[PDB]
Amino acid sequence: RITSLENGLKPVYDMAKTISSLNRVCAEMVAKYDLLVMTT
Amino acid sequence: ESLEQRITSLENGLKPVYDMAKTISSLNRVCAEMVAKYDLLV
Amino acid sequence: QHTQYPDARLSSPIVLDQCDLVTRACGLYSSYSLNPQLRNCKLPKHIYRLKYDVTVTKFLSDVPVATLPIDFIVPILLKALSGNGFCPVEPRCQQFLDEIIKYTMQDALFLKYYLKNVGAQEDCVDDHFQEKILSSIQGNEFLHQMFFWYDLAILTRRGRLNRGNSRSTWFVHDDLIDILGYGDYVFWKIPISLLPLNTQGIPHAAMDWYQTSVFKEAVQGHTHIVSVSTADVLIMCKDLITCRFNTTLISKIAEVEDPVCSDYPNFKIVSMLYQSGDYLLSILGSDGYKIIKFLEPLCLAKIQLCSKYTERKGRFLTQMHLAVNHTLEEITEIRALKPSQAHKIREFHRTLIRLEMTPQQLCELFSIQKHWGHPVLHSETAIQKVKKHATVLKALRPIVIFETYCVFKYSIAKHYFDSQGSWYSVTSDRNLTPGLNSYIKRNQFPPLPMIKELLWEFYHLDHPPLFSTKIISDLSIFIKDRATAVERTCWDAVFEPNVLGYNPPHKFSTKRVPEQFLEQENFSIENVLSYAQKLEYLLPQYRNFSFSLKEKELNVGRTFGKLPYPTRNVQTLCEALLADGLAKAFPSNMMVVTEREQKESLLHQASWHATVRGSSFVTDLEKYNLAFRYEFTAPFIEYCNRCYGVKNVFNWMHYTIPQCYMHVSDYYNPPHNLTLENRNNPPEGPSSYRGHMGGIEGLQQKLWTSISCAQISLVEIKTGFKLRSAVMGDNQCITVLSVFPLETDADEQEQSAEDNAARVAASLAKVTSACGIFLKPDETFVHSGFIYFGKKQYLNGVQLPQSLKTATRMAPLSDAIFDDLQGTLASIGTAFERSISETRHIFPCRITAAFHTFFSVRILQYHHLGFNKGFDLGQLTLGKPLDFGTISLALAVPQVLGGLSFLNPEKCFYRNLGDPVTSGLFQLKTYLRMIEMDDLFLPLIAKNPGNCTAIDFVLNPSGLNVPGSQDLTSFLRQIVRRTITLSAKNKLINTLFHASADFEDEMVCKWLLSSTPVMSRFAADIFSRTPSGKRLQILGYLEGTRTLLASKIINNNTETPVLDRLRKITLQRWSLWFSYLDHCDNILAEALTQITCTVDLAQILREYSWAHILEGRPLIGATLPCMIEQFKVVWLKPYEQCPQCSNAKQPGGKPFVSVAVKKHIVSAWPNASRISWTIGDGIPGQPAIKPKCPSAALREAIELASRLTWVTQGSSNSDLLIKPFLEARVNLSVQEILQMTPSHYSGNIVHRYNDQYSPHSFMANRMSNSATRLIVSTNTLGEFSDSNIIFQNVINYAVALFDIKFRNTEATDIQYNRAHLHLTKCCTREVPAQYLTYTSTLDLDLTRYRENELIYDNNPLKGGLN
Amino acid sequence: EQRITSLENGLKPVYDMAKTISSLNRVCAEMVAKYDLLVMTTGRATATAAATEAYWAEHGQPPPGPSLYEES
Amino acid sequence: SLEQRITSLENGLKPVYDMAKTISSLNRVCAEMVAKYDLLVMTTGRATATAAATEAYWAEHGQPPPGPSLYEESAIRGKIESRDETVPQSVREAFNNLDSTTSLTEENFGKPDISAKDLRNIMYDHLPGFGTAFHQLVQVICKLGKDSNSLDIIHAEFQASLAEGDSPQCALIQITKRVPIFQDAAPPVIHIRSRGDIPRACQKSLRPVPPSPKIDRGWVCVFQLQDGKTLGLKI
RNA sequence: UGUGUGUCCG
Ligand SMILES: [Zn+2]
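Residue numbers (UniProt numbering), protein chains in the order written: chain P, 110 to 149; chain V, 105 to 146; chain L, 4 to 612, 622 to 1192, 1203 to 1303, 1311 to 1391; chain W, 108 to 179; chain X, 106 to 340.
Honestly, I wouldn't trust all of these hints.
Simulated crosslink set (DSS-like; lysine-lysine; CA at most 25 Å straight-line) [what the hints assert, rightly or not]:
#, chain 1, residue 1, chain 2, residue 2
1, L, 1140, L, 119
2, P, 119, V, 141
3, W, 141, P, 141
4, W, 141, V, 141
5, W, 126, L, 455
6, L, 293, X, 119
7, X, 119, W, 126
8, X, 141, L, 659
9, X, 126, V, 119
Restraint-style ranges between C-beta atoms, simulated for each label pair [what the hints assert, rightly or not]:
#, chain 1, residue 1, chain 2, residue 2, range
10, W, 123, P, 143, 17 to 27 Å
11, V, 118, X, 107, 20 to 30 Å
12, P, 120, W, 108, 20 to 30 Å
13, P, 143, V, 109, 49 to 59 Å
14, P, 120, L, 539, 46 to 56 Å
15, L, 835, W, 179, 54 to 64 Å
16, X, 339, L, 373, 23 to 33 Å
17, X, 198, L, 467, 37 to 47 Å
Some, not all, of what chain W presents toward chain L, calculated at C-beta under 10 Å [to be verified]:
#, residue
18, 108
19, 145
20, 146
FYI, nobody ran anything at the bench for these hints, they're computed from the structure. Yeah, the Cβ is synthetic: ideal placement off N, Cα and C, and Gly gets one too.
Could you build the full structure based on these sequences and the hints that come with them?
As structure tokens, this is what we get:
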């Protein structure tokens, strides 16, 4: 029962990692938007 | 008493966290696919 | 003998490029073409021998070298050509003029007698009726010109044969003009002193060809000048003269019927319009059509100016006036018109502007646009016009494209949900659509007003395919007798070698669809799908896409495209797939009128989240084809591919079109600078280009219509208004419902509705512009009551007449396969019926039809093109000359008895007849009673039965076994079958057309008629769902005589030539009619005596025929009473007693139908004097399992099983009979199809076949204005005398009778309030409940059919079940 | 001991995650705002490129000669 | 000992429940952005022509580059407004066509543009014959409207009068007797040589001029000669 | 010698 805490903790770290990856990929997408559109 | 409270606490934080983890994984997958599509353009 | 058959009507564009060759052979000068290659090319073998023709040299011996263009001379020829000269034709058309007038008088008398007999007639008649019509006919302006032009047409059409050596010419000298004809070429010699002059002293025709000084010395001492043209101009002039004569005659005759006010404009204003247009054309050349084209919009604006006159009603007329003024000013500045000519040239549009007529007269005048001719076309100008708008660069907004795509997907999903149960099992990560998850879980759909924050959520929805790719239920689409493009290897083989300058290396074998469908060994639907999926249309030899100029119009030139055979198959398959899958989620044709709709339903529909007002505006769908780019249409194409199981099928056009070399396949001029060196990579010039980025007219029309509907739906979502749309031809109309409170008056309601319509129009313009497609604010008009769309025009709910467009096209000569008399008469009858369907007058159309029928009969008797010159059909088929009496009697017996009659007066009441035999018998009896030949019925109706099989009976269930009532379809089908037997290596057609196909068809037909009693309609309906029906529909593809006489496969089958067989069958048919007292028997006539009933007569006639088919079994479900003979009218007065219902109604009484007139008037335009001008208030078991996306074969099998189960209900053989039929269609066995068959529980199967399965739609044959002012009660019949009465035709008969009775009397004087329709006690019977009984089984082996197409398919339950 | 480690692991990045979520929401909304002001033009080599890409994805090889309208 | 650890774990795990409500909106906006830009990349091929590439391509052989390209409203507008960098003519006309349709409202949708010559031609198209004094009346009406900027009121009133039923001559009469600018105005005076310039149809309309002419009273124009000869016209 | 001068999608 106490050892079952890992099942309730292992998704959270992957959640944080995926959030970091999402932030990175969105920041990367901003670069393509800047490089493609003419803008001012 | 303490063990039962711990079990109840573990049960309480089960569904919403898993649901939001699934949503984050899906968002990451679709964003990665879109960025892969844009990669073969510059 | 010959393989040529020139047509009698104009059906090709007018091009004069080759004329430049002819003038080079005779030594004249002409400049008709813009291609310098024709200036110094090599003349053909013919039109080069003209230097050795003595007649041509004699003709061109006193004329200048210079010539003039023909487009400046056509009005002059029309004005100055009457029949007074000498013509080589021996029987002149003017000789037989008295007989036509006599026949017309007789027909008018018969129609009047029939109308009086029915009970309509007319009140306050006049004696001066026949003489007025005779004077109107004989006083026509174009009476003799028409005969002269028909003689000229006969001469040129006969001369266009003789393709061999030693060709001849014909000569006509008509006072001022001289005409010479030689092999499709015509020379006109005309005086100079009758041409309009410039300010420099030269004719206006010579300005663009010669300088001012060259022409003067070129003419010098001459008084006659020569013009050269083709044989198409003569046909066009003949057609114009016929149309003008018809219009003048109809307008003059209609004045006699209603002297006070008629619905036709006049017979004097039209003559002035004709003269003004002719003068404008003679001055301005072919550029006057730019001004002539403005007739229709001006008429529309003048009609629009007949309302309450809001602020913006007059903007359309102002814009059109400005446009016509600008166009007139910018085409006349170079030309040096005199001040007098400048003043006179504006009379056309000044008369048009200053017109003052009722809206009905303007709507009738709308239909004379093509009465002046058509312009001369050039390839260069058309190509230059197409190149613009096709290679131009566009700017687009991604957000609007995103919204349109989302609306597209939403509409498809909504259509799927509305039917087919519920949602379509959305896959693909439901967490990506937050907001639609609740609706999907609850199994509901969002209403509409709330889909603005979840529109993007429709982008993420994914699903399996929703439609099937094997839904082809008609194989006739892949063989249609058309022409295609050639392979890229021999792309330049379609031009004449002499004009080209070199002999092309490669040659094509054939260029027509039927001679390529039969030699494709690996043909199949799956093969076409695999060809499309592998991108095989990108092969180097499959990229040609020729152009072809369109038919008679008034523009500078419009084109259509032609593709090679496999790409054409792909295009046809794509259109067929789209017609059954998508494009049903986007209903295009929706006709609704606010003034003719229920208030409650309109209020319910208009509610988005109280009186309702509606407005509308119309936009054009013609040029949008050229405005479509791949950047906009890519997502929709990909979604269409995904909805099926295909990959690269719906984007063939955008992939293969830009890779093609664009050119026009004109026979007499190739692309500029074309030589043998640059043949593989030809250069582009004034008539060629490479990069075509837009779409093509015709192709992919359904997808573009769906996209337009999606855009309209997006506009409706964006702004909270209720919008409805309709699309037809080249236009679309959008109506907007505004809904208003109660206490808001009725004066500002129209203004607010117009403002809402204008706002919606502005929003739609912005949305459409953001997609690369530009609207025209100057051309788009906003109204409130007037809606014109396709073939229907309404003004505030009042329908407007349009009958000239159909009535003016009547002509003695038409293309009806080898100039068949029966086809021509049938076409004339159909045109008369369609014309009388509109308007409110009767006599003008019937008089025109009667005039043209006799003329066609005589002209075919004396001048048939299928025989030699001097041949007389009416002399050597009877032995004595044909006289007036025989022809008149032979035109009165109806066609159902084999008698060349197609003008039934009963068609004036309702369109579809329940039984043609009874109606024909009644008509013949009435006609024989009118004249004193009453003792002639039995020999006329006895005749001799012919030889036929059960197939013929199945083909025409309501027909008779009379040899003279048959068409030419059987002959053509036999010819096609013979050709297929000795050809057609298609390897899949051969399996279907095996050795014993005819025997199988005969056995199936014989078994279907072996029941007791025999029913014909059921057998005919069943027969169409078998392989025999597929073979029958494949066989009948021939359309024209030229294909019959020129096809390579048909005429290479050895045997006797087709021409001799055609002549023999024509002689036999002509002998069948006009003979009489020969093909009759004395064994049936006495059995038909002392009957005195039409139903019994028809039943006996039907049973005597087909006796070799029906041995002794009864025949049911084929005879119905004639409703003219079933009811009688009383015409009661406001306060009177009906004698029928009071005097003799003591014991039981008589059932009757009551008709009464309302008083509420709603609307009226222009006044309430005429009934037709006003409208009133008043509106005119489930299967256990539902298959998902079923195939065509499965649907046909289900319908066939249901029909067989229901027809034989009292027996226990329903299991054994169905199985042999299903073994050849579907893989599933019995007790599995039966689960999907709907449970039908009805009685009197004859009633279900008459008015439930709906073989015909019945409906009416009159304008629907009067139907709103009447109330009809039928419950008074009590026990309904079930029965033989068809209620729909009862209502139609009552309404039409009331309309015809009071049509020339103002409403305030109608003295009759109500009408009683009392049924007679002789023609009404009781029909019992009967069921078919089959004692045997089909016992035929049908397991050999294991092929594709409409034949046995494997795995029919592939798409799942509901 | 182990409970303290679990608490530290589960509480160390959550504040960073909450800080990152707001920034991600803001940048996504601002990009969505940018998307509504774009203008796209049409080129003359779009259909050729699409056809070449489709042909490469099935029996992968360049389409047979001669070259298409705009090969680039 | 363990109870305190469990309590601390619960206290630390409590404040992570509330991030669901704020991550739902993140999911929504991310899904929207992915859909929009996925469709954007789908509708453009493999020749998107990056901004540097098209800027370089505009300099030499100024035709637009093959394949689509993306701009911005304000950026391309400002580029167009400066005619120094030689923006390609095709791009200019395409953007002008796209932009010209944004100035459309409920009003002025199909409203025509009426000038003096167009109105004069329209009025001529309605009158019968030629050389009548009504032509001179039309000319002076158009001239006065052009110098007074009231052409559209004149045209609207003329159209209303024509449509209600009176003849065009009556329409012109109401034009000259109702429009406010035609109140107490001296008729224009033109110079003529002799009777040759006067049309034949105008011969009956000559009248000696009285003092104080009025445009409303029926004086359309005044003809003056060199030797002090002044005449007027009456309708 | 002029391949059927042509006559397409609904
Ligand atoms: Zn009665």
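Cross-check of the supplied hints:
1. 1140(L) / 119(L): 13 Å, holds
2. 119(P) / 141(V): 31 Å, violated
3. 141(W) / 141(P): Cα-Cα ~13 Å, so holds.
4. 141(W) / 141(V): The hint holds at about 20 Å.
5. 126(W) / 455(L): Violated - the C-alpha atoms of residue 455(L) and residue 126(W) are around 31 Å apart, more than 25 Å.
6. 293(L) / 119(X): 82 Å, violated
7. 119(X) / 126(W): Holds. Residue 119(X) to residue 126(W) sits at ~17 Å (cutoff 25 Å).
8. 141(X) / 659(L): Cα-Cα ~24 Å, so holds.
9. 126(X) / 119(V): 14 Å, holds
10. 123(W) / 143(P): 17 to 27 Å: This hint holds: roughly 26 Å between Cβ atoms.
11. 118(V) / 107(X): 20 to 30 Å: For residue 107(X) against residue 118(V), whose Cβ atoms are near 21 Å apart, the range 20 to 30 Å holds.
12. 120(P) / 108(W): 20 to 30 Å: With Cβ atoms ~23 Å apart, the hint holds.
13. 143(P) / 109(V): 49 to 59 Å: At roughly 53 Å between Cβ atoms, residue 109(V) and residue 143(P) fall inside 49 to 59 Å, so the hint holds.
14. 120(P) / 539(L): 46 to 56 Å: About 51 Å separates the Cβ atoms of residue 120(P) and residue 539(L), which means 46 to 56 Å holds.
15. 835(L) / 179(W): 54 to 64 Å: The hinted range 54 to 64 Å holds for residue 835(L) and residue 179(W), with Cβ atoms some 59 Å apart.
16. 339(X) / 373(L): 23 to 33 Å: Given range 23 to 33 Å: violated, Cβ gap about 49 Å.
17. 198(X) / 467(L): 37 to 47 Å: About 46 Å separates the Cβ atoms of residue 198(X) and residue 467(L), which means 37 to 47 Å holds.
18. 108: 38 Å, violated
19. 145: 5 Å, holds
20. 146: Since chain L brings a Cβ to about 6 Å from residue 146(W), closer than 10 Å, the hint holds.
Of the numbered hints stated above, those contradicted by the structure are hints 2, 5, 6, 16, 18, listed in ascending order.
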